[PDB]
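Chemist: Here is what each chain is made of, one letter per residue.
Number of protein chains: 2
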Amino acid sequence: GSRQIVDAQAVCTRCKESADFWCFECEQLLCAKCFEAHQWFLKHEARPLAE
Amino acid sequence: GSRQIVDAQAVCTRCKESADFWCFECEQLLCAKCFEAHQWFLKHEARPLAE
Ligand SMILES: [Zn+2]
Ligand SMILES: [Zn+2]
Ligand SMILES: [Zn+2]
Ligand SMILES: [Zn+2]
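Residue numbers (PDB author numbering), protein chains in the order written: chain B, 118 to 168; chain A, 118 to 168.
Warning: the hint list may mix true and false statements.
It does not matter which identical chain is used: a pair holds within one copy or between any two.
[Said to hold, decoys possible] Restricting the straight-line Cα-Cα distance to at most 20 Å, the calculated cross-link-like pairs of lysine to any residue (SDA-like) are:
1. 150 / 168
2. 133 / 166
3. 133 / 121
4. 160 / 144
5. 160 / 125
6. 133 / 160
What the hints contain is simulated information worked out from the structure, not anything from laboratory work.
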């Protein structure tokens, strides 16, 4: 849910910041509070926002 | 020798962003790229930036 001049394509979609990883399956960004909740909520693999 | 380490900002001390957790002992902010490694490199007690 991002649009109207976002100016930020490297941060959690909900917090909009404090995130450096994006779920490969969900194709969405998640902050440490979310990335850690997912990897703990079950079994998921996320990649770093870097190249 | 003794030095002051305070940071009112809420982001990694190195990346300066993409962080939502800080070590209580080191009193430093770390991003998902550093926090994940920190907990995997050693055992430290950190808390979420939320409150
Ligand atoms: Zn996911
Ligand atoms: Zn989030
Ligand atoms: Zn960092
Ligand atoms: Zn530490």
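Chemist: Against this structure, judge whether each hint is valid.
Modeler: Going down the list of hints, with the structure as the test:
1. Only between protomers do residue 150 and residue 168 lie at most 20 Å apart by alpha-carbon distance; the minimum there is 12 Å, versus 22 Å within a single protomer.
2. Proximity of residue 133 to residue 166 under the C-alpha cut-off of 20 Å is found in both arrangements, the shortest distances being 14 Å within a copy and 15 Å between copies.
3. When the C-alpha separation of residue 133 and residue 121 is checked against a cutoff of 20 Å, the pair qualifies only within one copy, where the shortest distance is 14 Å, while the shortest distance between copies is 26 Å.
4. For the identical chains of this complex, residue 160 and residue 144 are intra-copy neighbours only, at 15 Å inside a copy versus 30 Å across copies, given an alpha-carbon limit of 20 Å.
5. In the homo-oligomer, the alpha carbons of residue 160 and residue 125 never lie at most 20 Å apart, since the shortest distance is 25 Å inside one protomer and 33 Å across protomers.
6. With identical chains, the CA atoms of residue 133 and residue 160 are never at most 20 Å apart, being 23 Å at best within one copy and 29 Å at best between copies.
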